[PDB]
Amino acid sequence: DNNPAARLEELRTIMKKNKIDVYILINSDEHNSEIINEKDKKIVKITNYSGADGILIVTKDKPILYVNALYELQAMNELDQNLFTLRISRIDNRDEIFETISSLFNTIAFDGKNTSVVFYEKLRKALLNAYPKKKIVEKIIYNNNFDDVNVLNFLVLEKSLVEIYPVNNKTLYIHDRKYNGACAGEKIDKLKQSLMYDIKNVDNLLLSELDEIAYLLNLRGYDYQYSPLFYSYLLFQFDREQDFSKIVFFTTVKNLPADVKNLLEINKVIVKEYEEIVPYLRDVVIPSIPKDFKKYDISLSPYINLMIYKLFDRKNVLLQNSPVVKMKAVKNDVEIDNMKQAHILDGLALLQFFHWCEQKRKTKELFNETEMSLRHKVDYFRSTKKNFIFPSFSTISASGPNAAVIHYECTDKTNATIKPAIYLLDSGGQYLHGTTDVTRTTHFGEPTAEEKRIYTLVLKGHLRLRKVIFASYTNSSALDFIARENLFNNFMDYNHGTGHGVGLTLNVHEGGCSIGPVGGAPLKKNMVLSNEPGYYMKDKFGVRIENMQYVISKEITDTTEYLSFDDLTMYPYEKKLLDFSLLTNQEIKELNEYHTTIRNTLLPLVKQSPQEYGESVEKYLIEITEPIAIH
């Protein structure tokens, strides 16, 4: 069974020989991607725990695995605890892991490319606070040579101790201006302006965030499954006396085509290889810098990997968001229009999927289908659509009790038969037009009063956030609250955020803005956000209703600008799940307004392609967009 006990007892033989007392493994890559590829998944190889979130502490004792609360169920069914100790990290338990390591040994090791500076600094500060009489020495270990080292040794490893897959040779391609509305040259010019005015204390900026590099250069790639990104670093050297000294692009050159180097060399970009980043920083750059108002040597993203961080002296590094974060959080008008087209396509795909579900429901063949079968079906209907690339994340297809698991990951052994019950579908896709994220909840059986109540309580928060009018200064955490409001009155909550930013053909989860309880800021026009309240009833069912929307200016008076949202997502809601004792007439009016707009948008497109859809499809569309009676 790819024996865990074996690979673990094997692991401590490699540690002992290098005189390493405690090893720390984390699920991460060097670019801090949410979804990491196979080469970077070490923890699963040892523990047979495939959950995305995890941190493994490996000592002479039984190893400890830390996972987020949302992954607790998955870890319980996967990990066997006679080998590993399972600990859970909750909202109040977060720094436990930092305490835990402190409470145990003289030499600790880290994967240099798999460890963020945030986790490193907090652990190290914990140890200063834990053992003040001990001094810490930090060394980078190159090519597995440990022979160069009272004291606590922090070892940052170039090569990982766990060695590991398929490789991507597919070529990079240009994202056309018609889709992104802004050329790579203007964006670089914008980054240039930022260095003149906004950040004056650094001449050197390193972009390690893959969606930032792709966005700035208008390039996409195949190095990741769910995002059209590519392994890269992009280094800017600014000369105050007022432009860029050097622009260096680290990436995989064999994946660089002819006419990409045309756009690249036009902007005066020097191309190096991907693995050249560390030696280039260590050898050419850091020695080239000269030694009241402080001036920093380098500006790094907050989550930059440990290996690149440790090349410098901490006093000279500035950890902050790249200017690209703000740049890309606000879409231009071409970008919004393109995001509308993508959602039109995605509405058609959902229409085909639920039409398909409805037919098989009537024929009852639907209940021989599985979660994976339905997951594959919606992904298929998207692939038929124009300018589609691939799904924007792993589709969540959950029937009955599985819908109560937010992070539910359908395995080959977890796959469930579709039942006449609640069905939750969270899915999206990557288009040249943009990135989509949408959730709909439906019912293939006869909905209970509880199910309709929960759905409607969730819907009310969702509908509120759709049309909410708020002064421009309003903190986005206030918008998170009104989505929870109706659940709060019933003493119910959901354990995730209400909305996340979404990139344009980049990442389905994008920073720069959000709607959530912890942290928040005013929203700006043409920010693109999800709206997805939910509620999850353990062992019974779960509900989530998700749209994407963008911020508009609603009205401007003498003293104040009022903002609101406009819809991106076009698909109707589930009438079978509606509780009308909870619904106001205004909400019903907004429901009818939305559904009518959907019919007006989708129906002509359905009709012009009778071979692709047909009368049964358009008839289904008409019925679910039909106005609800007010009386």
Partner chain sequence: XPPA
Given for the second form:
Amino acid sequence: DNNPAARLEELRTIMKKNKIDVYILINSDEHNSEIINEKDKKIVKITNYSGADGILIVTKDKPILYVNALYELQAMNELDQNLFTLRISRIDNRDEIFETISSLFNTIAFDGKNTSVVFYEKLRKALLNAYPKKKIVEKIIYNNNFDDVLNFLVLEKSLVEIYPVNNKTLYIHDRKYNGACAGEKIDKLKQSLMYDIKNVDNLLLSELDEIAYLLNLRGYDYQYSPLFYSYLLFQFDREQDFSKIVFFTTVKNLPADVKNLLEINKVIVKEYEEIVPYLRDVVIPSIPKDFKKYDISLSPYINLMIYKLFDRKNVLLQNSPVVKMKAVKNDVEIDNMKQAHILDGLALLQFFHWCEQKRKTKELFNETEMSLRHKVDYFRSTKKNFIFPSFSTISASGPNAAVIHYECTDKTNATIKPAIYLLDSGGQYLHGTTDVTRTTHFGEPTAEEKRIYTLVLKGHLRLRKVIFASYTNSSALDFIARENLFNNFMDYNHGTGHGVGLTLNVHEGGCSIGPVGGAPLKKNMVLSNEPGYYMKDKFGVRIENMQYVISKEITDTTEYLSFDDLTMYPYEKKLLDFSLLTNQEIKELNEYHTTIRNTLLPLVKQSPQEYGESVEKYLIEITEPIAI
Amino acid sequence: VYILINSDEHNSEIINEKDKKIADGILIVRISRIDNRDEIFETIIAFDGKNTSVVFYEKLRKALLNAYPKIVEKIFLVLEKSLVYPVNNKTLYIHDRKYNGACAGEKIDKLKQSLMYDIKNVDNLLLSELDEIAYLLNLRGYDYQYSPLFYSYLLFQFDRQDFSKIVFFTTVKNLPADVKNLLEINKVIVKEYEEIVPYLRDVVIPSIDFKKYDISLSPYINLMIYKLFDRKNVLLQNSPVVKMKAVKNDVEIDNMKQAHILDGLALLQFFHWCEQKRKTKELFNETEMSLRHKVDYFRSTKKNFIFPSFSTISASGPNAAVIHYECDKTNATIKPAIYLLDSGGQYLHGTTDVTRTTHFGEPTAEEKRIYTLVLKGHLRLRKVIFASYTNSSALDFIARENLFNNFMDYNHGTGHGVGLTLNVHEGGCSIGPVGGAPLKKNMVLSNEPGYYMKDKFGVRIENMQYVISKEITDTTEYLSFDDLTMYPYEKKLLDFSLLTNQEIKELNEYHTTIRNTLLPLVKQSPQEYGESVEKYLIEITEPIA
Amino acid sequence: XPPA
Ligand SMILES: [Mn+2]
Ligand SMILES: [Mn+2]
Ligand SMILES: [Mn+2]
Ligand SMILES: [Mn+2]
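Please supply the coordinates for the form deposited with the partner chain bound, as a counterpart to the form solved without the partner chain shown previously.
Below: every chain and molecule of the assembly, starting with the one above.
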């Protein structure tokens, strides 16, 4: 059964032969990707815990696994707790793991590729004030030679080695989709280095979405984002342009038309694994010895390996200027995002149309969560310029809808019931990235269900149309999405909205709508709006749109902003509690539903082959105006 | 390039006559907005070492270094003697424990703990904020007009281990005899006020990867004390006392309530006076000044009253559009129009701040609409239920939203913290668009949305309230507020087309609560409050149908 | 899904 006690008792020996006392294993990769590929999942092979968020301290005593609160009920069900000590991380306890590992051992090791500098420093600075007497000697271990050694050891290669290789080639993201040339974007980044960042002439881009966005390239190295393993190094020459641009990537996956076009900036192209020896040997020795000058600017979550090549005093950890660059879409991008959402609405329509028909036949109740998940994914795949799903589809019936990130498996699959059904799904298109949730009911809704839905919907409708002065902090917008739940002493354990990339990652930084951290929003930022509520062992609801920031009104004194919709799919009338709904909400519902009918109905009618009249009747039905 | 600021050596928002060389302003040898904040440093050498804060100076020199890249600075010149008055001989006095709930030694102990755990990289701390010292020592004074504070410095030195020395700099001729006991009782050494620079220079400073600082200073400290150190060794931060008195203990809240009851009684007498005179047309021979003197008078007769907590804003008609309006050559006759009263007082019990807007004529539909839009955000903030992690800037938003829906806004913050017989504007918490943090139980905050129209009129509705724990569920703590301020709102100014049934219910609840609280006190003293006063109180607390 |  791929035994862990076996692999653990095996590991404890390899730690021993290396004189390595305490070993930290974390689920992540060297690009700080939310979703990691298989080659990077080490934790699961040792614990049988396949959950994405987790950290593994491996010691002489009983190993400890930290996981996030959202993954806990899966870790109890997965992780055997006789072999491994289980523990949860919460917003409460966050630093507990730092406290813990401070509480045990004179030799410690880390995967240099799989650890962020953030984790490392917080730990290292936990052990500074833990044991002021002990001296910390940090070392990068190259080619399993430990014979040169508080020892902090950054490991070049993992002690856990492993999976499919991707041979598919990179492709250009055409200007018609992205609205701006790679050259223009690189010229903007150039301007940032002149004006904004004057204390650094060297910048490394480690975030894959930033590199893809800037070069207008996409790739196949990840299942849910069209990204590709890469680094992009910039070296600035003050007296006022780029000295060199070095692109590290998988060269065999580099097509011919892209290489010649990479003679346009005269970009040097290296292989991916050469980033470390190139920085170590070529870059760093070249940098010469009131106002402080830094050797290099790295992203905040840059992997430990790349970081340790420098002297910490000379590294500057901050966002790339690309972060703000991508957070504000240009109009071509917005227009393209609208087309992607239009295509998605058509796909949702087919999916729920099909559900509804099978609901009548009652064949819907021999279906499973997995079956329904493949169907919506299918309907999206028949859409023009569709690449693949933008994340793993959440298809959850009844009680499983209370599990926020719930994943059906061939193993974990449930029969569809005449109950709450939650569908969180999205797609990657040449036109953009989409993320949408709708909650519906296949049975007779209970009073509690309607009420929970409507209280979630009220927060959601409010955030669709909210009018706010331009200075307003986005944490205020997060609050009004929760108000109606607050009034009932109810809350949801996640953020209200995140930024979203154009054909990049479904979760993009640079802006958000959430309770902790927040900033003012700018026009043509794209954000999700997704309040929810979750009742364990019963059901849950989430309602999610994507929308973008528009200018609502400008007076002599003040600029007011609002949002406009990207997502076009209606809400569920069977779940409405009309005792909770003001007429302004009902009109807003009606105005939205009519906009949907105006948009999608003419597209439906002209592909009667693909859609047909049962579909348009269904569309007309779910968009019919509600009575005041 | 000379830079004159209106501030004193202690970063007081309301500065004495000694300090006014030019309230808020900066002189350089154009308005400043939320977007435009840094405009001045981009716009822009000598400074008043007494008047200039290291935040402004460091921000300036840094800005200067961005362009034009090397500056020389000598005490950039820092003037000890400033380029470009009455004295206070009145005695300091103990603030009794019955009011503040914590002995000055109990506070110091709490402070000593901050140095063991929270601040491990410096053993010397200088308190320059007058309210922090007053709060810590449970002492008050007459050095300022609207705040019961005194010119002082307080230096703590830590043995790492315990406090090795505590030295208190002040005006010793205002230090009384029973107080000199409490100073040796905490084993404090007492020095004079002008001794600050000499003591730091010629005594303290001769002493002392992972770094240790020499001294911790408050961010807005004056340059004269700052430049006594090399920048590297000076750690700029809020003292521990800022979060200590931002959270009132329960005795403090109880006393704060009593202060507001007395204040409700003074407002009740004041507006009863206005109203009798309205009936007789007599009110319109009165003035903004006489109404001002009148309300200050009615507070002055309340028990344990000290003086007004800030300069009373008495504003008629178009003047109500001036946010900061200050009554001699500015004085205007009272009209049958909007009237705005922003006032409060210092009591042994606490500090009050209240604004009510009323109308002595017949309100126009515009006035009522504006008043009601303001009131709606006011009422929302009164009773809002929020998860304890909620950033206060969100609370600021909902006091604005109804105004936002009509594309209106006010150019100030929604709320600030309030001290206990201290500054009426206290740091440690706020409700505002820019700075924000989660609120905690027993924080005391103002709630004061408004709207102002040049040459027409303005409206502001202000209460003090404090944070309470509303509900604790498995996952979450929900917070809300409870009222301090007890005074009704103006029924004449209500637009009932904008008001929900929930707002009416809450109005009635508030007004009946006010009646239940004030009325038995009013009846206890017929000679201070007539039968006319009782009837008037009863009429303004009557339920809206 | 949720930003968390
Ligand atoms: Mn006031
Ligand atoms: Mn106030
Ligand atoms: Mn989603
Ligand atoms: Mn989402």
